[PDB]
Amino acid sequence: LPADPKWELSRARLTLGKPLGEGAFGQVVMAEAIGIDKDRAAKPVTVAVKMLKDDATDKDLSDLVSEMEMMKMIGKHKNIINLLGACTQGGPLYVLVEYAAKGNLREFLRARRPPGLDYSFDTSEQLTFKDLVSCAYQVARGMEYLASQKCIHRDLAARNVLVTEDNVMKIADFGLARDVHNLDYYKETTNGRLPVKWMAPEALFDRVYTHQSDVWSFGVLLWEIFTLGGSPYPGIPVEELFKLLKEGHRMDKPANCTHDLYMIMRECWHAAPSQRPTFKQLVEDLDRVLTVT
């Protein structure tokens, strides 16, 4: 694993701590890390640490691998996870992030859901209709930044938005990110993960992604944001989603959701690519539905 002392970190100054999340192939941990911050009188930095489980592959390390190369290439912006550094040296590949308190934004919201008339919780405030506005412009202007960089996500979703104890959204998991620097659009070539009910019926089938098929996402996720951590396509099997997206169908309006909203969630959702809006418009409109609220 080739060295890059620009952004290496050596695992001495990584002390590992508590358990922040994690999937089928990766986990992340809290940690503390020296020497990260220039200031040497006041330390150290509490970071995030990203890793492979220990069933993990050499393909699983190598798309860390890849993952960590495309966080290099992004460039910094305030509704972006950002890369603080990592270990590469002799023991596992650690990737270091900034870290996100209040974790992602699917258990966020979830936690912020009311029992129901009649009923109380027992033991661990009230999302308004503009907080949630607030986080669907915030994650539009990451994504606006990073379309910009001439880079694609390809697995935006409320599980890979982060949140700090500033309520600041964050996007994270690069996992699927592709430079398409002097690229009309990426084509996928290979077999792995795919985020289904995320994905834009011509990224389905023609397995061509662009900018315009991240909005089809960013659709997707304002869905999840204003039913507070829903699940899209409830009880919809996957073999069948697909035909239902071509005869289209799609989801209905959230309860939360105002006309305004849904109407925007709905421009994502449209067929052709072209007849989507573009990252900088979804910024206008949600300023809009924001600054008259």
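For the two forms, the rigid core is made up of the largest set of C-alpha atoms that agree within 1.5 Å on superposition. Positions refer to the first chain, counted from 1. First, how it differs from the form deposited in another entry.
- No residue in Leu241, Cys257, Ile36, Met251 other than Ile36 shows a CA shift of 2 angstroms or more between these two forms after fitting the rigid core.
- With the core held fixed, the Cα of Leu282 is displaced between these two forms by less than 2 Å.
- When the rigid core is held fixed, the Cα atom of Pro273 travels less than 2 angstroms between these two forms.
- The two forms, fitted on the rigid core, differ between these two forms by less than 2 Å at the CA of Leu228.
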Second form
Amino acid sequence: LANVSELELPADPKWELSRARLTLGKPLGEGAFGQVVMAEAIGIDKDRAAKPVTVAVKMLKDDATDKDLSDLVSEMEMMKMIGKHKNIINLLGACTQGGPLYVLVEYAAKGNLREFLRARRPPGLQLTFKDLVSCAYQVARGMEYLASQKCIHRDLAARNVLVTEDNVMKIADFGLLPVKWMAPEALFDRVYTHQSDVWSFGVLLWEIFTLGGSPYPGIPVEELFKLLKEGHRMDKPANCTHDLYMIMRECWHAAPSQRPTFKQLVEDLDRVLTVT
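Complement to the form deposited in one PDB entry: the form deposited in another entry:
Partners and other molecules omitted; one chain follows.
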């Protein structure tokens, strides 16, 4: 329950977008806080000043109080503190004055990595191995950057990586059954670190190499708790090499410090990417 009378939100001039430039469009979905809608913003592209660029707008849900407002604001402010990187969903601007809070972030035309891969599987009526490694490498770079800015994602998964028209991987919702991505220490002991994100990254690799497969298929969460404690892990995917499988397994060491850093993962993936 929110404070009864706060000040209207202050403007940050350098990020403020004129409302005349923004035109809201079709809903895209809902994340942790608020919803996201498709929109067009004129002048976002500095080189093409008259062109309406498609963007994504974060705004309040239809049934929201202003409790949800502080969350949306916090997110925006985190994105500003974290700064820009190729492999994250970047802040593009905001409308904070004379109407609803609108937070503009980069638009990813091809949806999330899960649905990107699933849609481009061999059945239905060409995705290569290098492409899969490329995806993993790009996600690792994104997480390396975020970790370098003291950012912990807490819900890293293929569903939270977005793919642009140019096939760029972009981590989403880094500002703040998901149990299948949680590290034991996070699941059992509520502990979140960069090293818990690495576990999640390991599960993400598995997603990538099953072409957007759901992890621990056919295993209910109660079983999962037991089999994680017993030290069991997912088996190598079909499309996975031994070296890549070893990287997954290193991500799933029970002891967090024995998991590699994202720095190390980037290097590891780079080697696999370059020899392919």
